[PDB]
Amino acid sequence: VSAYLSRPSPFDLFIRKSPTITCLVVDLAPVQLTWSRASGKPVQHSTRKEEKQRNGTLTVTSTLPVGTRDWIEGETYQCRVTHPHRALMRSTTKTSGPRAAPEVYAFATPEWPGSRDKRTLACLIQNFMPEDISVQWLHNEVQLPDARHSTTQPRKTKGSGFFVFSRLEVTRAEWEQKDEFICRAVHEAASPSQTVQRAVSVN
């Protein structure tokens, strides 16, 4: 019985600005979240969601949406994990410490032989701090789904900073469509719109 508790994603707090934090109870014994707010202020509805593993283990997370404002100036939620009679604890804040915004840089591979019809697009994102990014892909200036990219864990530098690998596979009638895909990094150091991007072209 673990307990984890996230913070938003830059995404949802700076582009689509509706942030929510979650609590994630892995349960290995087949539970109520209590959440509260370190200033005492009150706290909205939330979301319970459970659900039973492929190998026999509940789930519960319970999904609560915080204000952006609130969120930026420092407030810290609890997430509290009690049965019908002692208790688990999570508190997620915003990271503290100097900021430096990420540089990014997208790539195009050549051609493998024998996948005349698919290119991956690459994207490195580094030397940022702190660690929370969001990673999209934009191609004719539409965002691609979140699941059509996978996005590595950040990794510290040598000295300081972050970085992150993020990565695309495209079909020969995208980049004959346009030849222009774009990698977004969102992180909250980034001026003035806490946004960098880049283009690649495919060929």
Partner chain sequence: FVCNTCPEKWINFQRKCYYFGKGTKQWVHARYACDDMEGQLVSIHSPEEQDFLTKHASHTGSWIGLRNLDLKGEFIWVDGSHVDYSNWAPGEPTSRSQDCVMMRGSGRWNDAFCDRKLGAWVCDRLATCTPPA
Given for the second form:
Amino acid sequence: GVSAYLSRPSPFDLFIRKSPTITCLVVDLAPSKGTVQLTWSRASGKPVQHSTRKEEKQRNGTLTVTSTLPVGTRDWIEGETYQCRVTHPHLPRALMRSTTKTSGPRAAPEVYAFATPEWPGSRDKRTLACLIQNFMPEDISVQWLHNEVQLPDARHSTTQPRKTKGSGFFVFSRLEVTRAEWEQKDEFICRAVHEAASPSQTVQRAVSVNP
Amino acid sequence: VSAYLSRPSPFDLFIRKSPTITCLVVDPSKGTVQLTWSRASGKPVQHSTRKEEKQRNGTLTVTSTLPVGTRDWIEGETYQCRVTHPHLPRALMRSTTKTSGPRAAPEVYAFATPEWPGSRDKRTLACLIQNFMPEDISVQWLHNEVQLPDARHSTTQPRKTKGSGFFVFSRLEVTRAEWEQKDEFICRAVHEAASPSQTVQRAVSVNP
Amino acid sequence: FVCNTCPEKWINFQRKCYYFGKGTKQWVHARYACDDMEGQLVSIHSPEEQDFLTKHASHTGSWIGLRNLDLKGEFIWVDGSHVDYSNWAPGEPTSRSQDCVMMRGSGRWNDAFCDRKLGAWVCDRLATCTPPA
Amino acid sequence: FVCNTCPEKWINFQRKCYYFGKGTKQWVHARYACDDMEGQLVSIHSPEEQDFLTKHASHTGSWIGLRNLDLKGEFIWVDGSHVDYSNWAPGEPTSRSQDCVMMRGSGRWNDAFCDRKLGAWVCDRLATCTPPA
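Alright, leaving the form deposited without the partner chain aside, put up the form deposited with the partner chain bound.
The next block holds the full complex; its first chain is the one shown before.
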């Protein structure tokens, strides 16, 4: 019961923060004593940067171990293939996952931010929703901003990119806000960071609790 | 070889009054796969409908849909499903029962996207159905007082809110011909806790 | 015609028979147990009936034939009858979950989850009659 | 000062050195190949330079040092220089993405995917100088 998953960089880290990373997550349902050992390699044969390892015991007796490798901004965008080798002790052969930039057509996202009306027995709080659609590839970064500062990632919840009736993708983001927040400044921004978004890989729409 | 046992649709249960439960087994050689049904009480089960489908990737998908009792389901009966195969070494057993715990009627909010350049003859209608419990909900869209086909829309899986409830988001792309006919689209949510008659609904308009 | 005849294992009271079942059972499994016994879960309609049931009630708690079709909000006895007589315990019927009815050792009624397992249940059936002399 | 000195395996033209690589390589792997050779992917800036390249260009197609950082939308040579001279083939530059640049057998330029594998690539470096007599 050993599955491995290899993630691409987030568009926020790649284009804005300019410091992309890739994570290799290995979910182990029978934790036997020893070491899992996540090794990294590039398809070119060039050397890899130092990765950060983290092992976590879950609330159901399963070991979750991740290795985060920092990649090159220009190396990722230009098409380098990064690989991950997982040498598990309860497996005769090695687990190998690879990650590279999704090469194909582009479509910039369409941002739409909405605010829910006052529901009986919910005066001091409102829900702000956002529909980010018709984009390709599926890799997108959804952020919420208030007072020109980025709200913590835990405050909101974005859905996984699903396909539209056409060729693009879509995500929905939910953000519950307090009365104190909208009374301070009644303007909340939904930021989408995406490969195709022109200019500077960012699209944004502002919303108001009661315009 | 994986198996999944679904609870009845709150629409089939509370509105249609004819609930069913589906056992899905995703896999092949001699597919003499047996899907057996049983109740925890030991009482007899109604006749189930079997359907086997070959997928676009050489995988066999076999389902068995068992019709259950309206009062038997709501009162707390446990329905089980046994899956046996000649390649599989040990029987697969899945069980289903009514999620017993607190209730909260959903809050329905339907929105309409504004006109985007190069998208004149079409708009997207979105719906946020939140703060409900249990997670079992039915999301429907209506036009001309008639229910639009299920394929026309896409509802997200129920995720947990910052509090105790759940939430779903539904997307429905509409044509100019539809809103020009009647510019009123209803978003219906069917839920155990929705009072009265287990239904909550909100209408939306492309350009009020 | 005098109605006081009961089948074996059943205790009499007025025009009815009562079976004081024992064993770990859910509300619906207790319901099925009574149907197999050619009866139905107990339907309390008088303070005299409750007084009798309390005397033979299990201290752990017993299942009674009271619940709601969800598309209710209103509790209804298994025979179809509505609630005229009520012996609700203080703070009952609840709206904690916002359910099925169980009888305490004291005889008092309280809401419980449908999937909760209790060691007792009370059944009832119409008592048979002795022909006139 | 006369600039025409090149290291071994490198062909001269004006003030630059040129290496005509062979082997199946992606655009980025073609980029890495030139860095190992203490050069960089070819940057065409004159019709005289292109005329020379076309004569030594592989018929299959060659990778050239032109692409974009995405956070641009405009093509930029590996050395950092902008596009002054252009030998785009009819219908190019496209947008069947919305890319990396490759040189045809004809010498003409066309957009290609980053992951496409070509059997050739052209490298370049500044030619060294002979001091005056």
